[PDB]
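> Given chain A's structure and the hints, the job is docking chains B, C, D, E, F, G and H with the ligands onto it.
Chain by chain, the residues run as shown.
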Amino acid sequence: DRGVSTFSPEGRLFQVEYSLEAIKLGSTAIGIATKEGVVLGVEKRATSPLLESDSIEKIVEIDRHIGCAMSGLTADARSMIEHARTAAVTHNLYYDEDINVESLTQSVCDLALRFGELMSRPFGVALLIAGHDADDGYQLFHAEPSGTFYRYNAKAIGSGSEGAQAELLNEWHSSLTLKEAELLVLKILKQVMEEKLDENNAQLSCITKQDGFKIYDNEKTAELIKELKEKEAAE
Amino acid sequence: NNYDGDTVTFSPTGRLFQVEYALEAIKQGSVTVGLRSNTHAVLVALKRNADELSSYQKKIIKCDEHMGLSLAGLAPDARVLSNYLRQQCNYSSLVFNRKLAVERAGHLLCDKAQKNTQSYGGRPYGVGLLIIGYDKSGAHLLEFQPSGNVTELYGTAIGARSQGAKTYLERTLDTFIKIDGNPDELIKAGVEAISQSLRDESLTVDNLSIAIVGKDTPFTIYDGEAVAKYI
Amino acid sequence: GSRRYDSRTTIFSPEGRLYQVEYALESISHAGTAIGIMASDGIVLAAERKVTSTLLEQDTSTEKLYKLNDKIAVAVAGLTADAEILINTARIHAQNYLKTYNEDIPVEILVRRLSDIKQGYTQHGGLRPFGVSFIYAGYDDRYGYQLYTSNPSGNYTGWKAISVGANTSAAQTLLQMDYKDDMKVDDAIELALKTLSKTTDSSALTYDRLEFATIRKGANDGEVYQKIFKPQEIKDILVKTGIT
Amino acid sequence: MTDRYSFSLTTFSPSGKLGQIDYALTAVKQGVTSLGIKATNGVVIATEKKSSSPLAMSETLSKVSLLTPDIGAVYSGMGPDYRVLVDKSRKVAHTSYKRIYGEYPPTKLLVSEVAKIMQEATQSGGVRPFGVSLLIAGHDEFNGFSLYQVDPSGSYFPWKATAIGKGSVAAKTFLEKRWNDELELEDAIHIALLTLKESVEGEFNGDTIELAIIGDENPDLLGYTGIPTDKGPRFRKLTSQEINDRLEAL
Amino acid sequence: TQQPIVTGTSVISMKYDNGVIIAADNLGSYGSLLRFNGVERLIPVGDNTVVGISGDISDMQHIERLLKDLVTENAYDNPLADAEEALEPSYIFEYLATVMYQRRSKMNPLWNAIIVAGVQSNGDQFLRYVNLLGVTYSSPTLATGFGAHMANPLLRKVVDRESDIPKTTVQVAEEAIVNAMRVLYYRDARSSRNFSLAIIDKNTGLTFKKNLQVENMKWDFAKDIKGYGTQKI
Amino acid sequence: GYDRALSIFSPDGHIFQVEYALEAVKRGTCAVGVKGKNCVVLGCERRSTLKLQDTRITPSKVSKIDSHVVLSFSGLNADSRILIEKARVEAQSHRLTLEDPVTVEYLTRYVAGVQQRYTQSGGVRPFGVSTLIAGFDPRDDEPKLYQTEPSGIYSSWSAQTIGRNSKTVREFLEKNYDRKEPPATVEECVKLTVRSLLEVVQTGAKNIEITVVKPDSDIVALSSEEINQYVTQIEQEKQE
Amino acid sequence: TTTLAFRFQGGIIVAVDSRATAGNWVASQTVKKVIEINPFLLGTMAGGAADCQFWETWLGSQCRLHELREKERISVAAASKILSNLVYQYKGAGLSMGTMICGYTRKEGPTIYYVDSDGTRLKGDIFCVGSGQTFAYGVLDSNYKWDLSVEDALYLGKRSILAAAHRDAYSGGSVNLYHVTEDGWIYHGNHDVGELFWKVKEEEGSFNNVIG
Amino acid sequence: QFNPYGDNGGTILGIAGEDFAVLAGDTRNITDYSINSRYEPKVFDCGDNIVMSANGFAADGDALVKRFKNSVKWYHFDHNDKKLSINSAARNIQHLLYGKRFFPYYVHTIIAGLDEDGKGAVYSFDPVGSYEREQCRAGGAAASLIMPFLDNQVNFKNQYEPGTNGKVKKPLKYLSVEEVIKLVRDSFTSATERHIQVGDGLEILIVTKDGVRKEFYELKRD
Ligand SMILES: COc1ccc(C[C@H](NC(=O)[C@H](C)NC(=O)CN2CCOCC2)C(=O)N[C@@H](CC2CCCCC2)C(=O)[C@H](C)CO)cc1
Ligand SMILES: [Mg+2]
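Protein chains in written order, with our numbering: chain A, 1 to 235; chain B, 1 to 231; chain C, 1 to 244; chain D, 1 to 250; chain E, 1 to 233; chain F, 1 to 240; chain G, 1 to 212; chain H, 1 to 222.
Keep in mind that the hints were calculated from the coordinates and are not lab data.
Ideal Cβ positions, reconstructed from N, Cα and C, are used throughout, including at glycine.
Be careful, since some hints might not be right.
Reference excerpt, derived from the structure (chain D facing chain F, CB under 8 Å, subset only) [what the hints assert, rightly or not]:
| no. | residue |
| --- | --- |
| 1 | 6 |
| 2 | 104 |
| 3 | 125 |
Bound conformation, chain A alone:
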């Protein structure tokens, strides 16, 4: 064997690179930023039809103005969410204000390389962190187990990501409405998912300045699926 903090001859950290492979095996998560909000959607991917799908929780609130979706070894994310929530509430306690989305993300990313021989290995989960703040408006971030984070207009992570990302490359423009973004996330999810996308095996959410972070009920998402097929049929 070989130490957990070893560089490869190409100057990359073995353990980080290997965790990136684990994330590729994860269920798909997509986020799209607009001037009206940020949408986050995920593929639930129940391993068996007896499992009650509403108990699958891959979209998560961090604060009223910050939401998060995940892909990979999702149990690894519990402590990152817990840290995120504490950092947000703590910032509001110390400063009587909302914490910036970038600042929150940087804080989560500070956990990431705290492994070695501090935790025993990197996280095997990637996160899409989405929110609003008064200074930089609507924002979407991709936080990796390398400790790197990147701002995105739109981004896919998980198994269907290289396909989905090319699709988002074509479809994203600076003037998408929230409704256009919701449909687009639904559409790209139906494309890369194994099983047939319905309201039980995929889930949507958004964050708007006005109402904060909301997870959509299954009735509400069902309609957006209905509205999406009718759009596709009609040309």
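Then chains B, C, D, E, F, G and H with the ligands, alone, in the frame of chain A:
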């Protein structure tokens, strides 16, 4: 080969392969340039993006009013090292009411990186830094490498294809070294230097990053519309 | 660094077993057989010593059978020294309970804590497990007479009759064949000795290669008595059942 | 810096052996022969003082050591390992017993403590087992005379008589023939001296043999008088002269 | 928590047009016993700073060692140690102030009052006070102990506000300082006749005078003073 | 302290120590949980190359965590005790600070968190255990069943099984359990649970354990006959 | 300070004065003594100003974390117990707090808990807390009925604090009023005693001890 | 026994207008019956358009100001150069003060600047971090002399509309920077008359959207 498992092992020719591999992450890094006159010192850095939908990763970090740096390699490692510098600059201020000499900043960074090359379990830092500042003996440029070697220069560059900019700066030495009392002319020379390291691509408005510090100028960073002046 | 020399005593095999636990069990399987049999009116502990020399001091000796408190004893199969470490722990644990609650410790509670200590060495700390299996014999006023075993995995189970160490396969078959629920202590004594007699790797079973104990209701009314047999008492009880 | 060896260096092989303990026992095998014999009114422990050069003064190297006034030890295997075990054994007799009960520990309990120390070097992180077997002879009021063997695993056993090291198979056979429950101390000394001649190559006199007894109380070895209940150490090292006196009538 | 044993009395100081003056006597008292007579309480640091210390002498000697270790430390890997990266008076002060306040905050003070006098690299005069509580302040004149009570009023007649500093020469200032030292010798029961004086000038550098004496004392009027009221002879 | 990173990533992005912990679960005795309209049932195989067992005193396979929640498992028995104790301590601590017993989801989330922690701490191996956790939230009548596994992932199940041959019995439950219509009584739910175990077990002798949990801390273990009645009766419905 | 809170037919009334003191020095007449933790939770403040502010805004943060972790608003019982367990840790260090945690959940109904820096925690229907508590009690107790109308309950609460503001030298400034129902808390204004005293004297015809 | 605290005298005062705020303090510094300095500033520009004074025990006051200035610097480093709003400064300062709850900074702290709507803001603290926003506050040695004057002249307390039979209050209204500076100067000369620890100099810091301006006036030196 058999001797690259950890930083605590010398090869039979006296090499430290884990350090050499850390040096390699710098080489895959986006290019950045440093150069200075007798009155100012400037950083230019080409930022890299993930794809067309992403931001262009910051490469320039302010350490104090009179000091800052640019990075090439692992960004989290630059954040750790820059944070240490921020603290060291800050300790010098609170305790001695004294702005930290760029030279001491260099010695402090060398010593911090060195520890991680002689003990088991840790790893070397995987990032190179260019440090500029204006202190009580004028303008300075420093090159940091995670081997711990720190070097004071008139100008330099690090990252992929930094060899072009470095030759250019080697030729241009006698010109830029006397661009005293002129901010925009030191920058333009820096932007020129970095251009000798571009391929398939050129400097745009969300792609270029510049910083300057000097005699009557706080360390300040320009991105976005404020670099358009220079393309 | 030192990682080079770490055997990693607490990892799963690709089949999902614990190497060191398995290998500890292999070690125990070569130790002197020990048998416990539970009757309605008491418990027998019988155990075979490891191939004696004529010069061993048989009467001041103890290798197999130890007293944990007045109501509980164990038979040992495996490394004696490993077992003494655990026995002193168990003795102290019993006294803490008595000190806290002013009541003698229930047998299972003592058994569980020792088994938890064993379990810990299989999951963290990178040390080798204890190479020991115990047969616990004891009495409390909740369950009366009880038998348990624990092994290096820290797993424990209750029994009517059980063997540990060498030849438990043959021994278990013989016990299964002749054991009955309504049995008395004196019948159980006989069953234990006959079972050792047939599974032993020696030519004949003599007093000097045995340790023997009973836990009876065998004094004055409702109170329990532990009898660790002296050599002469084993010699007699060997004749009294006609093995010599 | 610091010890990062917090994992065991002795572990179970797939056949169930603990390699390091087996190998320690092998080092004990190569060791010089030592033995002990229990009489009705005493115990004798003996070994060969095999010297390394004749320039060495082998009276400065004691293989037979007092642990308490009524307990002695001898060994076979690695001498340095033995020396530190004696240091620890002496100390534990005080810390874990005398400082508590106001009296020296009985033989089996001191043996128990030494065994514990040796067992821990078999399981603790970053150590190897002790490369010695001990023979510990002693007396105490309620158990009388006893003799114990302690092995690298930490296992110990009481013996009527035994031997360890190099020529122990032959010496155990010799003692089986000659031992009975009626031996008086002087007889056991004589048998000890005979058994040890078998295994010794070179000179065989009181300067190459080390031999001590646990016998009668020695008031003359106490160093003071006036406490009637303090009667003196039962441990006595035989002198060079005392050994030779017994070698002529051999 | 502490009590001062061997102590030094006042340290007095003022700014003038080109520099700063600071003085302190050479006594180490042991309560009312005037125990030690050749004690230097002005400690120069480089060629631009004098640190004047009153209060506990064991702590003063500790502070000397801190300052002399500071010089050593500042020279390390510093090719400009005797030039642009030499220790400023303000650097030395902030360090001492930092230490004093930390020690008071751990309830284990350095039982001293300190005045740091010197000239900065830009020619500016430096004069600042710090004590055992970590209290700091600056003024055209500064004094510790009895000095605060008797010297400051005299020295303020010469420099009473910032604008009086350009109007004050080194001859005027030194005279005022030397007179204040005489007054303190008349009136402070733990002062001595012997003292040291140091001038730090932006042009002439550091001048350090040892073995000064209080001179020109009026004692003659004493012969006429008889009894305590009514006694004539 | 012993520090080794024992759970680490391999080049394919797997954590082998976690995956080998699942193998230990697969080798463990089978366990099933089925929730009804108004109850949850937990069934567990017990292997039968062990006769001379004392059944009064051998640790049972279903453990009460609090008076309203139960936990069963497949895998290493010694490992399971550690989780059960921690879960039991947390349940009392929750009652102490919140003044309300744990929800089944909360207790599951805690146990799952413990399991996860052991997959990224130095010096420890993962738990060789998966669990089924069932009960009713305080003052609620909606039944609850969750599963946890060595990785730390957990989820809710209409019915679920773990351990050896659980793929066979999951098969059974997948075609026999109707989401729309759950076993509307105790009797029906116990039956379906015993039917699924019979797909894998042998004779329903001293081989099946069943525990029934109803609302408001109503938890009862069946004894041999009560189970045997289900065994006999199903076998008679079978000759068809 | 004077603070009170009582349960009745129509929910919960909460009333507080707004004086801060440093001995006999009036430090403020306009200080807020109710913290709105969430739309269904109020906390009242009496004792050390910093202790109250600091730890009650900290309490709010802990309540916010409960609802993020449990996806449900914290119970009044659990929220009050977070604070009492906190101050119990500091017992002996000299914290000074007298607080009431007032709110509504569906599982509890309207609920008040008294919590103080000795570590005392009490569920109850009526409490008054602070240097003026006795004055408020005298008025509140002698007019309290379970069946007060929302309008009368609000007045009694206001009138009780006014009583304490008048007689207690360490109470005064203005009254802040709240009503808590199943739909949350409702603010019912700031009432400066400067005007309120004279208005109540005229309309009610009470305060005949005072030169009219 | 060693006493870790002293008292350096002086007094401070803060008033908020509609689009500005002042924070004033005398420049005298004392211990016991001695003057340490006639000009030692105790009101400071802390960046982001915030002025701060921590008056009482000067060593504690300086330590606090230094820690807050440093806090502002790290707020920029950590939150992408964002401006620290006055409300956020105040809450941060509460935590600085309350962190030493059991070994207090012996100071009364006042900060001034502009809120997020551009309106003038004054916040004041007790020694262990209790705080409140007001139009108006005096702190330090002469606070008890100056504060009631401010209640009367800044918030028109006890002043009624003439001829209304004491039934209609003088209506609240913002004051010009010129009227505010008059009240400040009169406040301090009045305080200098009657309090021995107040005198020598008055230094006022004015805060508007264009930044921080200073004015200095002589006070009686006795
Ligand atoms: C532990 O010692 C105490 C306890 C209680 C008080 C009364 C309290 N006043 C204060 O806290 C004042 C502003 N500040 C101080 O007394 C200063 N510190 C006290 C703690 O030790 C360090 C110095 C005060 O005014 N309490 C109000 C209620 C407050 C008002 C401010 C908002 C929060 C609630 C009230 O109880 C009435 C007026 C009686 O005090 C003072 C000292
Ligand atoms: Mg005055």
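> Which earlier hints turn out false for this structure, listed by number in ascending order?
Of the numbered hints given earlier, the structure breaks just one, which is hint 2.
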